[PDB]
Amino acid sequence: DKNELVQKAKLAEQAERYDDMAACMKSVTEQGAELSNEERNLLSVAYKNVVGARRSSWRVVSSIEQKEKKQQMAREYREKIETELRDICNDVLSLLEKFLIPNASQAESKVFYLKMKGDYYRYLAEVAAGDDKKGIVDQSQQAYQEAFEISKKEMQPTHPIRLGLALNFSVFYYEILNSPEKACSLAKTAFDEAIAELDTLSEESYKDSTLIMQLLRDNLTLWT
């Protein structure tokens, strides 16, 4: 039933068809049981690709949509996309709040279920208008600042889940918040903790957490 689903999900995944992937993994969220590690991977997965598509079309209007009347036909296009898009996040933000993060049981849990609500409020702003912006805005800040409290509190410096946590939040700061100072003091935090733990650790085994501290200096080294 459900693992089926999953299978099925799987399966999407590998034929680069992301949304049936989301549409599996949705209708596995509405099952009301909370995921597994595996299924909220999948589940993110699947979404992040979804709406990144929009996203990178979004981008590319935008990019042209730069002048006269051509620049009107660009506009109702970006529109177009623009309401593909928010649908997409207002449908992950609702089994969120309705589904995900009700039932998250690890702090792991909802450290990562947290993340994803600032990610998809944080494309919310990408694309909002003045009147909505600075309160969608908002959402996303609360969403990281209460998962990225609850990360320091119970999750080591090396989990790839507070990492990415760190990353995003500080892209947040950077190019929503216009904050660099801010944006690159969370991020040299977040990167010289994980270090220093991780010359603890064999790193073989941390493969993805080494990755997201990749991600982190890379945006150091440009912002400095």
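Positions refer to the first chain, counted from 1. Rigid core (definition): largest C-alpha set, two forms, superposition within 1.5 Å. Compared with the form deposited in another entry:
Of the residues 38, 30, 199, 181, just one CA atom moves 2 angstroms or more between these two forms under rigid-core superposition; it belongs to 199.
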The other form holds:
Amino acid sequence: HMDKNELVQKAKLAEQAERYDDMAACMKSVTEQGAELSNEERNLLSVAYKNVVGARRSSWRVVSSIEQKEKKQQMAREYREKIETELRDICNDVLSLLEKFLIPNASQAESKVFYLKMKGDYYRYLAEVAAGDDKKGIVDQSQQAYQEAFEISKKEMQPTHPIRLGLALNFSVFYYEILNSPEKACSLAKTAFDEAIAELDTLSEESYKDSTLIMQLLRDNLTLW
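Hand over the structure of the form deposited in another entry; the form deposited in one PDB entry is what we had up.
Just the single chain follows, nothing else.
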């Protein structure tokens, strides 16, 4: 109902103004118009929410770091729980946008792998803050989203593909950071890297830097791991 070109224009204005809450709101209304998103719009939605949840991820770490060092700790904890509530609201908004629109609309394997990686990413962020029974189900949903995206990417995507390479990076970090398997991480990362360099010559110029950057960060995570 609202003109989508206007929402995308203001989303870019919001991005430049560092008003990411506004930027997410614009891209949420675009997505909720039911049509499948262009690569630009999809990238705008991804940056917006990545920044909105990024702010709460960092604030949570700070306050949770304070909570570990009887009335002071009770104030930190209450605040920490306020930040988690916002973090779970943002993640749920995104996960629900993926379930209702983005994943069901994904015409091609490139799109489908992107959105299923996004679902792994936002369950991963929930996992960083979740506890108990809630958490186990959360961690499980993340591994499933990533794992299915991988299989679609092995089958339908040139290892060249940046979307496929970004998926391998975050899945390997999910293994490393969330599941404490350093050996499942480097293996994943090692494999996806050299699958792509073997076919580095086929890479198109509109995708060369995007792929090679991720490939570098694959190696970068390796060195630290």
